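There is one chain below, alone, in structure tokens, taken in the form deposited in one PDB entry.
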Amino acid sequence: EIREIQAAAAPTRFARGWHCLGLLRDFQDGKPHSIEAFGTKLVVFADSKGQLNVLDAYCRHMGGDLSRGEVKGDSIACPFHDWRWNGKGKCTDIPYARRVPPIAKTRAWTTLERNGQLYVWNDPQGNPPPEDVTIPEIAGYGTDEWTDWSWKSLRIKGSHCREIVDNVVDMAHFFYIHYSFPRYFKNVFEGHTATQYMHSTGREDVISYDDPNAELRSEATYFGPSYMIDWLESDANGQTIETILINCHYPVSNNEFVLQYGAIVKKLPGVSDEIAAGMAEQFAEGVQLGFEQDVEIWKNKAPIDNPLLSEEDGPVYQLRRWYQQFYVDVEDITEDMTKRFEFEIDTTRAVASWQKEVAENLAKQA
């Protein structure tokens, strides 16, 4: 009878799509920057104009680390013998030799500079990104109406990055882990994008303040495989506090990945830049604690390809079907991966059950 767990070996291959490697301001200071990603090391530097360039970190001459080098003009100087390489990956200048060989070309990585952020496009097939596959421009970033990012990062070891994407369908953990109250849950999976819609409230059995029915309306969408944006809103004190929360990650290796996230808020009327920036901080700091709680779950949990779902669980398999799209060749993608699938959880019993617990635990004091 006993149901056993199925742990298939984690994928050696890495996902095809845009992966966010952090803010432009962090890469716009002239220096190069090493990054261990996709089972190797990349170097990211910024030419005189400002354009950020990305190549393989290992120099083709003697294997030197180009990220330990120095930027000179619009080329990267290797710390070993100061060979110069440009954005496109062609050796421009050898300082002690007359001229360079034409076959001196290294792999340049296709980049996109948007939303105050840097994206790289990994694709083991090696082809450039299509037209319809990209990253949305956020309503109005850059202008004074929205604050700058309260951006933060964690480095996770000992597990695969599949199970951060699994959170898209896990309504129940928001209660028992993050200490919120889901009242609504719907998911939509279109070709290469995966969505979560959620209306959630706080729970009364917590110490300081929020309204008795302080409610938040979330709307999160992976523009897959690794990059999510979340539009958030709560109508309190008359007007609505809009917030945009970014969740994005990238793999280092199959066993390890980096996790990035940040938040900006629209400037409410009658509020300064600092008060606005403080709201963004508090929100990100609150998410910080959230993902810290996930990490302890993720760190101690075992991988499992055969879940046993109840009737209140979201569509795990259809999420992991859609997510399989990115680890396979584009030519081998099937309809069942990119199809339109939608599903809403009947939370009526779930919330009724959670009301018993929240009230029961209030009576215990004082």
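Note that the rigid core is defined as the largest set of C-alphas that superpose within 1.5 Å between two forms. Residue numbers count along the first chain shown, from 1. Compared with the form deposited in another entry:
- Aligning the rigid core between these two forms and inspecting 286, 191, 124, 129, the C-alpha positions shift by 2 Å or more at one residue, which is 286.
- Annotation: Cα of residue 144 displaced by less than 2 Å between these two forms, core superposition.
- Residue displacement note: residue 94 has its CA displaced by at least 2 Å between these two forms (rigid core superposed).
- Relative to the superposed rigid core, the position of the CA of residue 241 differs between these two forms by less than 2 Å.
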Second form
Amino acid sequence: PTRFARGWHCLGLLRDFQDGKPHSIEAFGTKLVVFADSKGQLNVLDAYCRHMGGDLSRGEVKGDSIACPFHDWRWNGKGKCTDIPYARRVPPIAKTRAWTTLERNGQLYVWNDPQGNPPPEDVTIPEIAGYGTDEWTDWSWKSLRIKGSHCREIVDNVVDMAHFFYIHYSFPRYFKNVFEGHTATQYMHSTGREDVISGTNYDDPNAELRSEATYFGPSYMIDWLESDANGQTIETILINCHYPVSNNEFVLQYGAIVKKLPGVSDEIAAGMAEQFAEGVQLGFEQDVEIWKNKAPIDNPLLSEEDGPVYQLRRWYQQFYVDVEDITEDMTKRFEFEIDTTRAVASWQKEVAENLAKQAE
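Other form of same protein, the form deposited in another entry, not the form deposited in one PDB entry:
A single chain, with no partners or molecules, comes next.
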């Protein structure tokens, strides 16, 4: 009916699944069950039992298999029926759909592919250096649902230079995109507007914000943020990721970790990190207010100061065709820098005009 993106998708944080009860996720137009085996590893299958349609997510784990609450059949992490407890044997074709998993960076990922193939080794989610380490906090994480929109409308932001001023209240002084293979990257530097105070990580006019944000596949973005304040620089890592529930609904997730400042107690270091982590969340929530309130546009009208929207969408298209049909122009290295001079000039004028009105 409706085609979902081939790639890694994060279903949430490991710590929310290791408990070791089963969990339901509505995703990819169906329902999924997540459960830990006896060795604590996570498994993902279609939630609905292939016997008579019982809900495996409402079952319990027994050994290394999930047990259906209707007639107690047992399904393992590869989708195989390991036992029908009241029958001599298992019909030889007792198999359901199993999703390949990846546990990394304190998160759970599943591989989706309509063609039914496994993830190739060169398509993965990178290890975030610093995670699982006293130096860095643990994820502050949040989640919501957006309806009436596509996943792609989030991805469109990769190339959106102008919204940094209007939505994040900052001047994007450097802005560059690089699309290559199965990744899409935004590099940008900003300083905060003097005519606005809102407690985000974009706020400070005295600090330069340096951002490198990359989609590792269609659904998962890691944004490395450095805020140079005084001599010292605050390092954070923001995750922006999504997965489709249906053709018309998706889950959007975002989380932050902050690097602890050294030569200070834990009480104070962990308290200030949390303080900055909230600022990052608030920045992200500025995008959310737009994303919850906007129509899709297949044929956007573009200005000379727009980022490379059509090339971004071309790159993204690779994840919605069969791998044999992916073309060179989708995956070949493409880069584009916007000279932000004109925009910043317009913006600095406007901000000066505001500041003049603020006093007199």
